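Given the structure of chain G, go ahead and fit chains C, D, H, F, B, E and A onto it with the hints provided.
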Amino acid sequence: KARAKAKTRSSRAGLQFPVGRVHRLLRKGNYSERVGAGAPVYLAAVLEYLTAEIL
Amino acid sequence: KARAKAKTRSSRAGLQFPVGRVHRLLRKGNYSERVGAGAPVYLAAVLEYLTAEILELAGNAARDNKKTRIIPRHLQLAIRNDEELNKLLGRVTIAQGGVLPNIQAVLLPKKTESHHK
Amino acid sequence: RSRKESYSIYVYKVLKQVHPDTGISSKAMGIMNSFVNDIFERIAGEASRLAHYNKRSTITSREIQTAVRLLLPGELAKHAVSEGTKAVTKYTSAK
Amino acid sequence: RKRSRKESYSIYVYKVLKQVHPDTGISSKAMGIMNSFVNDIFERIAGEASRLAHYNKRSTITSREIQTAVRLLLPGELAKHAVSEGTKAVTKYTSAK
Amino acid sequence: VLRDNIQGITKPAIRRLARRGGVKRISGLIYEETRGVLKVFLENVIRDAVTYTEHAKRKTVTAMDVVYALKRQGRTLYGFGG
Amino acid sequence: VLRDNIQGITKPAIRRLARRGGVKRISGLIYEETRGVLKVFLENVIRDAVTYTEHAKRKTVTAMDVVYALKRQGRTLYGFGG
Amino acid sequence: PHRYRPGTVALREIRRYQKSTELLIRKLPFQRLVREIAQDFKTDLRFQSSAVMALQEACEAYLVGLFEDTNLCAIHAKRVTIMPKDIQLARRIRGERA
Amino acid sequence: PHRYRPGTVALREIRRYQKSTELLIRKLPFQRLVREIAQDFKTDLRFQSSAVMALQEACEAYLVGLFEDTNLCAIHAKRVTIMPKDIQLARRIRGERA
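Chains as they are written, first to last, in the deposited numbering: chain G, 10 to 64; chain C, 10 to 126; chain D, 32 to 126; chain H, 30 to 126; chain F, 22 to 103; chain B, 22 to 103; chain E, 39 to 136; chain A, 39 to 136.
These are calculated hints, taken from the structure and not from any lab test. Some hints here could point you the wrong way.
Claimed, not checked - The calculated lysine-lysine pairs, modelled on BS3-like cross-linking and capped at a C-alpha distance of 25 Å, are: (1) D:44 / C:16; (2) H:31 / H:126; (3) E:57 / C:119; (4) G:37 / G:16; (5) E:116 / A:123; (6) F:32 / E:65; (7) C:75 / E:57; (8) B:60 / A:65; (9) E:80 / F:60.
Stated by the list, open to error - Covered, in the sense of this in silico footprint (three residues per stretch, anywhere, with C-beta under 8 Å from a C-beta of chain F), are these stretches of chain H: (10) 77 to 90; (11) 97 to 106.
Ideal Cβ placement from N, Cα and C applies to all residues, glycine included.
Chain G extracted, bound-state conformation:
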C-alpha cells in the first residue's frame, strides 16, 4: 500500500471553513439518515461567503 499524503476536503474545495467538522455536525443532530458529500461543502461555502461579507 502507498497511503498517500493526507489532503483535506476544505483544501480540495479551496475553502477555509472545515468540511470535516460540518460533516460531523450534520451527521449528529437527527437531520437526515444519510448526508451527501457536497452538502457540507456547499453549506460551508455559503457560511464562508456570508462571513466574508459581514467582516
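Relative to chain G, chains C, D, H, F, B, E and A alone:
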C-alpha cells in the same frame, strides 16, 4: 409456544388514539435515535384531551346555532373564544373560519338611536 | 392503489364520546387533522432540541412533559400533563 | 489529569478576517457573536433541508437541498452569490479528486 | 381591455374585506396600496411555493407547496391537508 | 424601605432607554406601564428558563437556559454562547 | 324617496360579512393574477385548484388582519377614515418591511 | 443663569446613548427582581452572572423596540408625547397580548 391473544397499547392505556402509529411517526422523522415507550403514550393522551376540548366547544357552538353537524365556523369560534387556544393558535389560519363578530364600540351608532319606547 | 393515513376515526370516536348526538363535516375533520399534525411536530421538535441541549440521546416522557409545560399555558398544560401521567401509569400497571 | 475540549469556529473566522482585511483584529465577544451566528444559520439550513426531504420522501440530503434551503432562506443577490460560490466549490471538489 | 389583471382585485371586494375587518370609512387611495401589499405578500409565498415545486421536479403547484410556503412565513393555514 | 423591588427599574433608567428609543417627551404614567410590560416579558422568559433548568436537574440557572427561552419566544440573542 | 343615513348600510354589511365565511374575492381574476406572477418566475407552470383556494384564504385573512390594525391606528388618531399611512404603520410594526 | 430650551438636552442624551452600547439598567436591582420572580416559581434557585447579563440585554433591547414603536404611534397621532395607549397598541399589534 402459547401465542397469547393480541391487545393494542391504546386499550392497555385506556385510550382511543393509536399509540403504535404515534411511535412509528416518532421513529420516522429524525426526532431522536430512540424513543421511550411512555412518550407516545403521553403525547397520544395529550392529543386526545385537546381533541376532546375542541370538539366539545365546537358542539357547544353548534347547539348555540341549532346545528347538529360540526362545521369549521364552530371551530374558529371556539378557538377565538378561548383565551388559551387563542394564544396557542394566535398565528394560525383556519380555512373557511371567518372572523369573530367583534366591532369596536366607537364605530356603532349613537345612543341617539330614536327608539326609547 | 395507494394508502393515505389520517386521524379521522379517532376524532369520530372522541366526538361520540363527548357528544353522541352531533356530526362533523369532512372539512372540519381535516382541520382537526391539521391541528393534530401541527402540535405533533411542535412537540417532537421541541423535545428533540431539549434532548440535544442535555446531550441526551433518548426522548422520554420527561422531555414530552417539559415540552408541554413550555408550550401550553396554565390549566391546559396542567390537565394535559395530569392525563399523560395517568395514562403512562396505567400503561405501566397493566402489563 | 482531567480536562475537556470545547470546539469553536473562531480560527476560521480569524483566517477569513486576515484574508479580507489583514490589518484588523476582533474581540472575543465579537468572535463569540460570529460563532453564534454560524451555529444559528447551520441549524436553520439543516432543519429546512430535512423538512423538504421528508416532504419528498427522500432519505438523502444533497447539495440540491442545501441550495434550495438557501433559496428559501436567503434573499436575492445574497442568495445568488452564495449559490454561485457553493456551486464553484462543489465543482472544484469534484474535479480535484 | 385588460389592465395587468391586478385590477381584478376590485374596489368593492376590498371594501367587503375591510367591512369584515370592521372598517366603516375608507380613503380612495387605500385600494392601490392594498393591491401593492397583496402583490408583495403573494410574490413571497408563490416564490417559495415554486421553490418547493422545483425541488420536487414537478410542473404542477400543489396545495402542500403553499402550506409549506405559508408555514415558513409564519402564516400557518389549517384545512387543506398536512 | 423597599417596595417589592420592581421600583429599582427607576424612572431615569426608563428615560434613558426611551431616549435610546428616540423618545423626546414622555408621559408620567408610561413608567408603571413599562414596568408591568417588563414583568410579563420577564416572567415568560424566566418561566421557560426554569423549565429548562428543571429538565436538567440543576439548581443553577445558566445562560443557555436563557438563550433557549429567548429563542422559543422568537427573541434570539447573540453573544453568550450557542 | 326613502333615504338611509351614511353608515347604516355599511354597518349592516359589516354584520353580514362578519357573520359569514364565504370568500369575497372573485376566483378567476385571482387565478389569473397568481398565474401571471408565477409565470414571471417560471414558465408554463400549473396550479391545483385547491392550491389557489388556499392562497385566497391566506390572502384574505392577511388583508382583514391588516385592515383591523389599520382601523385601530385610525381610531387611535381620532379618525374613522383609514389612510395609507395607517397601513404603512401597521405593516412597519409587524416588520412587513417590503 | 444660563438656560437651555426644553429638548436640547434630551436630544443630546439621545445622541449619547445611541452612540454607545453600555447597559442602562443597574445590575443589582435587576438581579434582585429576577431572583424574586424566579423564587416565586421555584425556591432557592441560583443564577449565573452571565445569565443575568443576557436577561438584561434581552430586556433592554425589547424595551427600546417597544418604545420605538410607541414613538411611531405617537407621531402618527400627531404627538410627541408617548402614552400608555400607544404602548398598548404597539404590543397588541405584535401580538404581545398578555
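Subject >> Check of the segment 97 to 106 of chain H against chain F for coverage (Cβ-Cβ below 8 Å, three residues minimum) >> reply: As far as the segment 97 to 106 of chain H goes, the hint holds, because 3 residues have Cβ atoms under 8 Å from chain F.
Original post:
Are the Cα atoms of residue 75 of chain C and residue 57 of chain E separated by 25 Å or less?
Top reply: At roughly 15 Å apart (the allowed maximum being 25 Å), residue 57 of chain E and residue 75 of chain C satisfy the hint.
Subject >> Pair hint residue 60 of chain B and residue 65 of chain A, alpha-carbon separation not exceeding 25 Å >> reply: Roughly 16 Å separates the two Cα atoms, so the pair holds.
Original post:
Are residue 80 of chain E and residue 60 of chain F close enough, with their CA atoms no more than 25 Å apart?
Top reply: Answer holds: residue 80 of chain E to residue 60 of chain F is near 17 Å, not above 25 Å.
**OP:** Given the hint that residue 44 of chain D pairs with residue 16 of chain C, test it: the Cα-Cα distance must not exceed 25 Å.
**Re:** With Cα atoms ~19 Å apart, residue 44 of chain D and residue 16 of chain C stay inside 25 Å; holds.
**OP:** For the pair supplied as a hint, residue 31 of chain H and residue 126 of chain H, confirm whether the alpha-carbon distance does not exceed 25 Å.
**Re:** violated (41 Å)
Original post:
Do three or more residues from the segment 77 to 90 of chain H put their C-beta atoms closer than 8 Å to C-beta atoms of chain F?
Top reply: holds (count 5)
**OP:** Starting from residue 57 of chain E, check that the Cα of residue 119 of chain C is at most 25 Å away, please.
**Re:** Since the Cα atoms of residue 57 of chain E and residue 119 of chain C sit roughly 22 Å apart, the hinted pair holds (cutoff 25 Å).
Original post:
Does the structure keep residue 116 of chain E and residue 123 of chain A at a Cα separation of 25 Å or less?
Top reply: holds (13 Å)
Original post:
Is residue 37 of chain G within 25 Å of residue 16 of chain G, Cα to Cα?
Top reply: holds (24 Å)
**OP:** Would you mind confirming whether the straight-line C-alpha gap from residue 32 of chain F to residue 65 of chain E stays at or under 25 Å?
**Re:** holds (15 Å)
Checked against the numbered hints above, the structure violates only hint 2.
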